[PDB]
Amino acid sequence: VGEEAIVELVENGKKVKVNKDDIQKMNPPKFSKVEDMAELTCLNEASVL
Amino acid sequence: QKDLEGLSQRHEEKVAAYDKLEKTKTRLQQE
Amino acid sequence: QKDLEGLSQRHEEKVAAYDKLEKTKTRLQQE
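Chains as they are written, first to last, in the authors' numbering: chain A, 50 to 98; chain G, 1391 to 1421; chain H, 1391 to 1421.
Derived by calculation from the structure, the hints in this document are not laboratory data.
The reader is advised that the hints may include incorrect statements.
Taking CB as the label site, the calculated pair distances span [claimed, not checked]:
#, chain 1, residue 1, chain 2, residue 2, range
1, A, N76, G, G1396, 44 to 54 Å
2, A, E53, G, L1397, 24 to 34 Å
3, A, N68, H, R1417, 13 to 23 Å
4, A, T90, H, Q1419, 13 to 23 Å
5, A, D71, H, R1417, 18 to 28 Å
6, H, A1407, A, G62, 41 to 51 Å
7, A, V59, H, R1417, 27 to 37 Å
8, H, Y1408, A, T90, 27 to 37 Å
9, G, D1409, A, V65, 16 to 26 Å
10, H, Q1419, A, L58, 25 to 35 Å
11, A, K74, H, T1416, 15 to 25 Å
12, H, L1394, A, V59, 26 to 36 Å
Chain G stretches covered by chain H per the calculated footprint, using a threshold of three residues with CB under 8 Å from any CB of chain H [claimed, not checked]:
#, stretch
13, 1396–1404
14, 1407–1418
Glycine included, each C-beta is placed from N, C-alpha and C at the ideal position.
Model the full structure from these sequences, guided by the hints.
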């Protein structure tokens, strides 16, 4: 719907409305606990955290 | 002044819209 | 009040910036 998207939260199943610019992309589990975060495919606050 | 007041409201609304769109452009660039 | 002219000038500049930012959004989406 342009500005907003609906997501389901993995810990709840709850459906929530989130703004398209607050969603951040997620790295494949392939990059779990990478030693150097420069190697992350998606580099954003959520991925570094 | 009403003539100034309405234009100032439109200006602040356009500023808010620009500040919103800047988030989208920033995210698109970083992606 | 005389300030309406300067406020209108600022609004025109800010909307020109918004227009080029929207063009940048669409360009970045296509790229």
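Could you check the hint for me, namely that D1409 of chain G and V65 of chain A are 16 to 26 Å apart, CB to CB?
-> Given range 16 to 26 Å: holds, Cβ gap about 24 Å.
Can the suggested window of 13 to 23 Å be confirmed for the beta-carbon pair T90 of chain A and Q1419 of chain H?
-> Since the Cβ atoms of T90 of chain A and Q1419 of chain H sit about 20 Å apart, the hinted range of 13 to 23 Å holds.
Go ahead and decide if the range 24 to 34 Å is satisfied by the Cβ distance of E53 of chain A to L1397 of chain G.
-> holds, 30 Å
So does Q1419 of chain H sit 25 to 35 Å from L58 of chain A, Cβ to Cβ?
-> holds, 27 Å
State whether the coverage of the stretch 1396–1404 of chain G by chain H holds or is violated, taking the criterion as 3 or more residues with Cβ-Cβ distances under 8 Å.
-> Answer holds; 5 residues pass the 8 Å Cβ test.
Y1408 of chain H and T90 of chain A, beta-carbon distance inside 27 to 37 Å?
-> Because 32 Å falls inside the window, the suggested range holds.
Taking 13 to 23 Å as the hint, is the beta-carbon distance of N68 of chain A and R1417 of chain H inside that range?
-> Because 22 Å falls inside the window, the suggested range holds.
Honestly, do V59 of chain A and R1417 of chain H meet the 27 to 37 Å range at C-beta?
-> holds, 34 Å
So does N76 of chain A sit 44 to 54 Å from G1396 of chain G, Cβ to Cβ?
-> holds, 48 Å
In this structure, is the beta-carbon distance linking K74 of chain A and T1416 of chain H contained in 15 to 25 Å?
-> holds, 20 Å
Has the hinted range 26 to 36 Å been met by the Cβ atoms of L1394 of chain H and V59 of chain A?
-> violated, 53 Å
Count the residues of the stretch 1407–1418 of chain G whose CB lies closer than 8 Å to any CB of chain H, then report whether that count reaches three.
-> holds (count 7)
The structure fails hint 12 only (numbered hints given earlier).
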